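Here the complex is missing one protein chain, while the rest keep their positions.
Chain nomenclature is as follows: A and B, assigned in order of appearance, with residue numbering initiated at 1 for each chain independently.
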Amino acid sequence: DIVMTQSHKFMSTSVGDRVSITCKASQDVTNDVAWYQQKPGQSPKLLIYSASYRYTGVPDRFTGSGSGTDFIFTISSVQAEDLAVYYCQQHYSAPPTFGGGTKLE
Amino acid sequence: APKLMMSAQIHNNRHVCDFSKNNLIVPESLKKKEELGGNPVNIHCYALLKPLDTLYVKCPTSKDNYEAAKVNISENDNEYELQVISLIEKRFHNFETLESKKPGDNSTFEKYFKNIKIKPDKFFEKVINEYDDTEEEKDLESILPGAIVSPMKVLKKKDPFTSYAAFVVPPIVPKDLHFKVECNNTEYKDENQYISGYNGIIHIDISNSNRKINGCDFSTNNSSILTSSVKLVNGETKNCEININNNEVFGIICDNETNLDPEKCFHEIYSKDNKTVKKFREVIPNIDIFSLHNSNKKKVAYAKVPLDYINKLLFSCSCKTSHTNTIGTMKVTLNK
Partner (left out) sequence: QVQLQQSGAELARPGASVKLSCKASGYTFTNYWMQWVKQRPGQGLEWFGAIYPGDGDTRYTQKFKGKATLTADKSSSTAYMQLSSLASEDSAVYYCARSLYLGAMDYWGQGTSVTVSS
């Protein structure tokens, strides 16, 4: 199975800052990566699909980039409600696999 | 014979077949005896077309279209194309009684095939006549004027390994008409060379039912297609009305200056009363309809109604110009 590594379990940022979260695939997955946001007590929400496309209704401050093995999720200007755990996931090869998540504080 | 098959027939107007994939990666009982690469196989699929029916051909999806499917999957298809999918979703893998006998990474598969390389783009608009060695990919229309033809498109974006294309044969053929299309790919296997290629092919014939038909040509009185016409081409609305029956053939022909309204006639029809476009399935869903919503051109449509057809409808189809301020048309009273 493909391993998705989010090397940072935790990430701190101020309201109004830019922040980037990294996710590395153990093999090439092309653009078959999704990013999810999970806030306490809630189901995960899809934010980015196919590595760099904003999902329907996702605010403009959220973006993603990358192709191959190195992927980046970015918040251009963090808002106070953006604290959550962010997860990457690959679906290039079955079974889909999740990164370990990064908690934004 | 070679590995010959006829396309499957559905209703009285649909023909369909496909090509297989991943067949040169054989088991050791064969592979250990092999060296220096894999080769294509002698597989053929045949179509026999009559006026106004539709031929569907399915091929392994090119890597470009595969990658596109992975984002296009988020979009929906219209009902007609979904119905088409149910016509053509069948895969053809007839192993007969495969009883104790030898048989006869999703983008990695696409890459593994070194990017599947089948006939590209408007698979059936640019078509090869079997007339001569040039094999020129001619406009379908220059052989079959008024023909309706799709771009090539993915079968199920959620099963993005198969793509397909289709076209509708008009009433007029240049006598003994033959076309062909083909679908190639590559692969490799457990040998000392690690290369391999594969191919599939379709031969398209016609039956002895071609003739001029009804339909009120909007380009010329000296129609090469129709037994009826409408005075003048443009600048003012002109029209026809016709009493036709099942087992008769009729249609609508726009000029280069005009286009069909209904956009997908005949799948849609114009209701004279209340001035509105409806489906050719509103009261008669159990129906052979001789057209294609995703066609490359929306200027010409006709219908060949068989004797076993059970339907009846009073409706119209029209042609409108770039000014839009016209209803130039023919009223179709089918089985009136």
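Quick note on the criterion: a contact is a pair of C-beta atoms (placed from the backbone, for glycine too) under 8 Å apart; a residue touches a chain by one contact, two chains touch by 3 or more.
Visitor: Taking the entire complex into account, which one of B:12, B:83, B:106 or B:239 touches the absent chain?
Guide: B:106
Visitor: With respect to the chain omitted from the figure, which of B:8, B:73 or B:277 is a touching residue?
Guide: B:73
Visitor: For the full complex, which residue in A:62, A:71, A:73 or A:87 touches the chain that was left out?
Guide: Within the whole complex, the residue contacting the unshown chain is A:87.
Visitor: Out of A:24, A:45 or A:61, which residue would touch the omitted chain in the full complex?
Guide: In the full complex, the listed residue that touches the missing chain is A:45.
Visitor: Please output the residues of subunit B touching the missing chain, sorted low to high.
Guide: 70, 73-74, 106, 157-159
Visitor: What residues on subunit A make contact with the chain left out of this view?
Guide: Counting only subunit A, the missing chain is touched by 1, 34, 36, 38, 43-46, 49-50, 55-56, 85, 87, 89, 91, 94-101.
The rule is short, and it goes like this: only the chains that are shown with their structure count from here on.
Visitor: In the complex formed with subunit B, which residues of subunit A make contact?
Guide: Interface residues on the subunit A side: 30-32, 49-50, 53, 92-93.
Visitor: Quick check on the complex: what are the subunit B residues that touch subunit A?
Guide: 67, 70-71, 74, 105-108
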